[PDB]
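Asks: Read off the chains here:
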Amino acid sequence: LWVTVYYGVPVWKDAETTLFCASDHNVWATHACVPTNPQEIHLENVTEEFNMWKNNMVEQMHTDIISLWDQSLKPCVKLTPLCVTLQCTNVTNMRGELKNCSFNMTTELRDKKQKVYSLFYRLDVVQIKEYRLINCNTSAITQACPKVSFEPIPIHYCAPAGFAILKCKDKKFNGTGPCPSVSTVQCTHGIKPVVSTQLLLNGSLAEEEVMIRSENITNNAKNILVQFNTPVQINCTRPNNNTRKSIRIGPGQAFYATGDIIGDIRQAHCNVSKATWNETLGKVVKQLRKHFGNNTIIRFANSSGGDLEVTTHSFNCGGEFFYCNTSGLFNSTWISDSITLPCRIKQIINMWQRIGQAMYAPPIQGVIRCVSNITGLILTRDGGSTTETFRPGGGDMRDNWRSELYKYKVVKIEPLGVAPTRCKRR
Amino acid sequence: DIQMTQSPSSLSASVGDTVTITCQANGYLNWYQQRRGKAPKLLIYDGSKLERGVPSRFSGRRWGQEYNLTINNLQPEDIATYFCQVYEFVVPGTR
Amino acid sequence: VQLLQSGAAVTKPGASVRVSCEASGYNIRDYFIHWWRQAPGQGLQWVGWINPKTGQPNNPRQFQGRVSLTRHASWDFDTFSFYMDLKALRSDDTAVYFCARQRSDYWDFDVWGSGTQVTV
Amino acid sequence: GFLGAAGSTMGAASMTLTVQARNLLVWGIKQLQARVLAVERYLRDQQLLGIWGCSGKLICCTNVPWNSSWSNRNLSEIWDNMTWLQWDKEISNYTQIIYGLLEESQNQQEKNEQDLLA
Amino acid sequence: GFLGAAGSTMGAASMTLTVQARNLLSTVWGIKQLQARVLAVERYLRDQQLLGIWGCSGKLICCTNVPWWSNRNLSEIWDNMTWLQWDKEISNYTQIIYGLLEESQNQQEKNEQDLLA
Amino acid sequence: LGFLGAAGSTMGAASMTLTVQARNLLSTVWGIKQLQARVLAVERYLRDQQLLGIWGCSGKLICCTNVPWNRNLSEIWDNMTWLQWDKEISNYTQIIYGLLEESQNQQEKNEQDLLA
Ligand SMILES: *[C@@H]1O[C@H](CO)[C@@H](O[C@@H]2O[C@H](CO)[C@@H](O[C@@H]3O[C@H](CO)[C@@H](O)[C@H](O)[C@@H]3O)[C@H](O)[C@H]2NC(C)=O)[C@H](O)[C@H]1NC(C)=O
Ligand SMILES: *[C@@H]1O[C@H](CO)[C@@H](O[C@@H]2O[C@H](CO)[C@@H](O)[C@H](O)[C@H]2NC(C)=O)[C@H](O)[C@H]1NC(C)=O
Ligand SMILES: *[C@@H]1O[C@H](CO)[C@@H](O[C@@H]2O[C@H](CO)[C@@H](O)[C@H](O)[C@H]2NC(C)=O)[C@H](O)[C@H]1NC(C)=O
Ligand SMILES: *[C@@H]1O[C@H](CO)[C@@H](O[C@@H]2O[C@H](CO)[C@@H](O)[C@H](O)[C@H]2NC(C)=O)[C@H](O)[C@H]1NC(C)=O
Ligand SMILES: *[C@@H]1O[C@H](CO)[C@@H](O[C@@H]2O[C@H](CO)[C@@H](O)[C@H](O)[C@H]2NC(C)=O)[C@H](O)[C@H]1NC(C)=O
Ligand SMILES: *[C@@H]1O[C@H](CO)[C@@H](O[C@@H]2O[C@H](CO)[C@@H](O)[C@H](O)[C@H]2NC(C)=O)[C@H](O)[C@H]1NC(C)=O
Ligand SMILES: *[C@@H]1O[C@H](CO)[C@@H](O[C@@H]2O[C@H](CO)[C@@H](O)[C@H](O)[C@H]2NC(C)=O)[C@H](O)[C@H]1NC(C)=O
Ligand SMILES: *[C@@H]1O[C@H](CO)[C@@H](O)[C@H](O)[C@H]1NC(C)=O
Ligand SMILES: *[C@@H]1O[C@H](CO)[C@@H](O)[C@H](O)[C@H]1NC(C)=O
Ligand SMILES: *[C@@H]1O[C@H](CO)[C@@H](O)[C@H](O)[C@H]1NC(C)=O
Ligand SMILES: *[C@@H]1O[C@H](CO)[C@@H](O)[C@H](O)[C@H]1NC(C)=O
Ligand SMILES: *[C@@H]1O[C@H](CO)[C@@H](O)[C@H](O)[C@H]1NC(C)=O
Ligand SMILES: *[C@@H]1O[C@H](CO)[C@@H](O)[C@H](O)[C@H]1NC(C)=O
Ligand SMILES: *[C@@H]1O[C@H](CO)[C@@H](O)[C@H](O)[C@H]1NC(C)=O
Ligand SMILES: *[C@@H]1O[C@H](CO)[C@@H](O)[C@H](O)[C@H]1NC(C)=O
Ligand SMILES: *[C@@H]1O[C@H](CO)[C@@H](O)[C@H](O)[C@H]1NC(C)=O
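Protein chains in written order, with the authors' numbering: chain F, 34 to 57, 66 to 77, 80 to 136, 150 to 184, 189 to 309, 312 to 321, 321A, 322 to 397, 412 to 460, 464 to 504; chain T, 1 to 27, 32 to 91, 96 to 103; chain R, 2 to 121; chain I, 521 to 545, 570 to 662; chain B, 521 to 546, 569 to 610, 614 to 662; chain J, 520 to 546, 569 to 610, 616 to 662.
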């Protein structure tokens, strides 16, 4: 008949764009984030085809977190007079974990030098009784700049004008596929940028039950993501009572060493409840049996091997970096009181899987304690198989971020349409 | 589970004829031709697409759960052992 | 893209053998490395992969507790060395060992190693 | 609200165009880029709207004849049963030539006629 | 000149709209000017869109349908009061009108023509 | 036949290809250099559109005005090009713009307002 033009029709297309930060003295620079009740609109009669393994939000979040990490280490002290020949002895005469290492150092005047000491961990020094820092042959050290805090705070990811973020409200939702309950939103909820390898902490819980999501479960080279419907409380502690001592290494440059420890030297550790973990493992086995035979045997085991970052549950509690031995949890074999996990502490950190640059971490005085809620798991399956066995695994932060952005997606609005109508222009 | 078989066993194709090696499997399948006392080489990947650097005569086709590779204008140098691997499961192959 | 291999090794029963590959020609950290072994007059047998970025291996139930996979990068991350250790040589461990590069999710190994003869 | 009538049919989604029409307008460059991109996209859409003689109107009628080759369905069904998203894919192939026809046939010749007869 | 009719009455200040209308568009120092340019463009575009949705495109004086808070007489309003006093007085009642024009009054009128033709 | 393809053609023949010229107006090192161009093009386009809007000719490629004027139209539209026209008449364009701004548009608004 005739063609007519409509401006402002509801139509969207898949696209990728830069999303900015809205968030209600911090590493993630939330002061630059714009201030953020947000409205959410329900869409009926609609089924959007979602995919969580190929969305661009995770890549942009990864590069933005890396950029925020990098730009917050520029102003603060560059510790590269500390690559000298240390002389270390035992702290007491658990044994051999701490060392008293003395060395020479520079001072405010170029022609003068001083002799100082500090308490180092066994994981930060390498023997040449003369030791040296672990990474003076591979990278340079910059201090962690005590004026900032490492505590994560929620961050939103909001879209520009002309774009929208679709959400899936299906409770029992698989990683990929249609969502019969799509809604729209300007931007997401608060996401805490927490770093961990084997257990997910301070995350978002499932609504209905435990969910299993992997890109292709038949391929053993891809990890399995497990989400709990109820959290598992875990208490981590650092019994030692440290004292921090400040050392001047130049004009306006300060190095924060460790004076000593008051009282007794005790091992840092984390506690989990046995019965709740047993129930959680039973639920996980019941859900895992759906992707295999109904009579197959399930097993769990210690990590196979690798670096210290992937073989141990790694995180930070209040500014100290914990690596915890988790081989007491995955100890089971399923056929159809508390648990204490010894931990170790490290200060020289190679973060984001980069081998070029490293970071220090000043000692924090007082006793440190954390209470956190385990929400998820990352697993791998041994190939060559009944009797499927699963090991803990991790090391890639995109798996950490993907467990939060599995329901969101970004779309672009196209407000032009042409339609047949009987009207004729004058 | 993954079940995959390669029935033809040994063949007796002659020079200048067309040969076909068939197999059945589920999942991604790849064809390798190994000469005696040498490392394997990839001919066709995903069971339909041929890697760059192999002559265009080698062609493999998939239908349902049955795959097979056909070679036409056979040359004397093509007397090797041909086998198909899904993910981590391999069969002895055909010679 | 070129890999390398070590010479043939002869070891007594109840000993340990070490086989090394070396990949110099490409971005090593972005592709897995797989190991295979072939018995005389038999098809290929799967040995597990190793992730170059983190080093975590994955071995089947047959080789659990007997095989170790490690990698050691060098300065500037230009070359890599991938090792394979076998703990207790048995009567029927004789085979030829290859190292392969998985290009993508299809599990298609375009580049293979020269091979090593292991005899007890 | 925004995109509220996404699931509704074409007939009931034509009364809510204003809702979408008035919502079209490190951490320092990611805001400036978005702010300029929105303006560029809005100006491009408005330019294409204007050069067809439809500037300032949400629903404009055009004197470009519509043949059955591009698409053919009953007018009762199109506006009563199917959705805008469903229609977008069906006619997506022939949009460019329709825009080309709207370019000069709708307005340019009529512009010359108005110039002569004024 | 620019803003010169400020003290004049709304009757005599409505004849110079154009002179105020022109001036809407018109490394530390290299970043404080691009921000100003983008901000000016954005504000002008938002005002233009607001005018256009109500049915007023390229018109400095419009007439619209909604009836008409105030109790003053027309002569009183346009005889002695200035624009700024009116703006300060009636800042509360603007939001009612803004959504009233765009939502229904124009949106209805955009349909009957389509129905008529 | 294309962008600026009637540059040498006579004004009468050039006036038929308005749309091809009108369409192309809108659309680290070389990271800010592209942004500068992106802002500049939008600014220029908006300025030209504002000038058209003030005169009452918004959204019109061939507008008619109410401002009256040798130079018979027969020689102008048949024997000259737009470039020579520009070189000859660029002197008076400011006074023509000034007349167009308020002599014929704001007045028309006054009569339209007072009529209803
Ligand atoms: C997961 O979230 C919980 C939220 O409770 C985190 O626990 C909290 O950790 C912070 C950081 O140490 C604690 O703040 C500290 O409190 C002490 C005592 O008031 C104060 O002296 C310090 O200056 C600091 O403000 C906070 O108390 C603690 N919350 C609880 C209930 O204990 C936990 O760290 C998070 N886990 C991870 C891995 O991020
Ligand atoms: C760690 O040691 C410090 C001493 O350096 C303790 O600090 C004292 O705490 C008590 C308890 O409130 C106060 O009354 C004192 O004034 C504190 N300062 C002193 C004694 O100089 C601290 O309590 C110790 N930590 C723990 C967990 O006991
Ligand atoms: C974590 O679990 C350990 C082990 O049960 C707790 O350590 C016990 O603490 C009580 C109170 O001081 C002692 O009487 C027990 O002897 C300790 N257990 C052992 C094995 O020595 C610890 O209190 C728990 N909570 C934490 C660390 O916050
Ligand atoms: C981990 O720490 C939490 C918090 O200190 C412990 O929760 C306490 O549980 C007891 C009973 O078991 C309650 O009487 C306390 O009131 C709880 N604390 C608070 C602050 O409410 C928990 O028991 C600890 N151990 C775990 C979770 O294994
Ligand atoms: C896997 O479990 C084994 C044992 O349960 C752990 O291996 C032990 O490692 C210590 C470290 O020196 C050795 O002294 C023991 O002899 C080992 N056990 C055996 C049985 O040989 C191993 O730590 C666990 N995996 C991880 C990643 O921790
Ligand atoms: C992680 O924890 C496990 C369990 O405690 C450790 O395995 C024990 O290691 C000691 C080390 O000599 C052995 O004596 C024990 O026999 C091992 N336990 C079992 C059940 O075999 C393991 O060593 C820890 N990992 C590390 C790196 O210390
Ligand atoms: C894992 O990968 C395999 C192989 O790429 C997928 O197998 C395909 O499955 C679809 C639907 O079942 C079939 O139409 C294809 O013919 C299969 N491809 C083959 C046999 O080569 C499998 O679907 C993937 N797993 C998931 C969960 O997507
Ligand atoms: C589409 O949504 C509307 C609004 O809720 C509803 O009335 C209608 O029944 C829906 N369509 C179908 C086919 O259910
Ligand atoms: C110090 O620690 C080392 C390492 O455990 C130990 O061998 C030595 O006996 C200790 N005592 C000394 C060196 O006096
Ligand atoms: C510090 O330097 C002096 C140089 O006189 C040297 O004798 C001493 O051993 C050094 N101290 C340490 C801990 O290396
Ligand atoms: C978990 O609990 C069940 C039932 O109480 C028990 O049969 C099972 O042995 C427990 N698991 C472990 C590892 O003890
Ligand atoms: C569990 O761990 C303990 C010690 O960590 C070990 O002795 C035991 O063999 C493991 N397996 C069980 C109890 O099935
Ligand atoms: C688990 O801990 C987090 C943070 O400490 C808290 O927000 C959450 O409410 C806790 N879980 C439950 C069930 O309360
Ligand atoms: C071999 O070729 C086809 C593929 O073209 C394969 O599907 C089928 O199994 C075989 N066909 C015959 C005729 O053997
Ligand atoms: C640095 O020294 C350590 C300790 O000997 C060594 O393991 C590491 O390989 C060295 N770095 C490089 C790049 O070789
Ligand atoms: C200022 O007010 C006086 C008093 O009515 C008036 O005569 C004069 O014109 C006003 N000035 C302007 C610029 O409007």
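Please note that the accuracy of each hint is not assured.
As the list claims (entries may be wrong) - Label-pair distances were calculated between CB atoms; the ranges are: (1) B:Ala532 <-> I:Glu621: 37 to 45 angstroms; (2) I:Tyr638 <-> B:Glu584: 34 to 42 angstroms; (3) F:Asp113 <-> B:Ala582: 30 to 38 angstroms; (4) T:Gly68 <-> F:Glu275: 21 to 29 angstroms; (5) I:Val570 <-> F:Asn197: 28 to 36 angstroms; (6) F:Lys232 <-> B:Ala578: 35 to 43 angstroms; (7) F:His352 <-> B:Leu581: 34 to 42 angstroms; (8) T:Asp50 <-> F:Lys502: 51 to 59 angstroms.
Bear in mind the hints are in silico, worked out from the structure with no lab data behind them.
Positions of the beta carbon are idealized from the N, C-alpha and C atoms, including for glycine.
Asks: When the structure is checked against the list of hints, which entries are broken? Sort them ascending.
Replies: 1, 6 and 7
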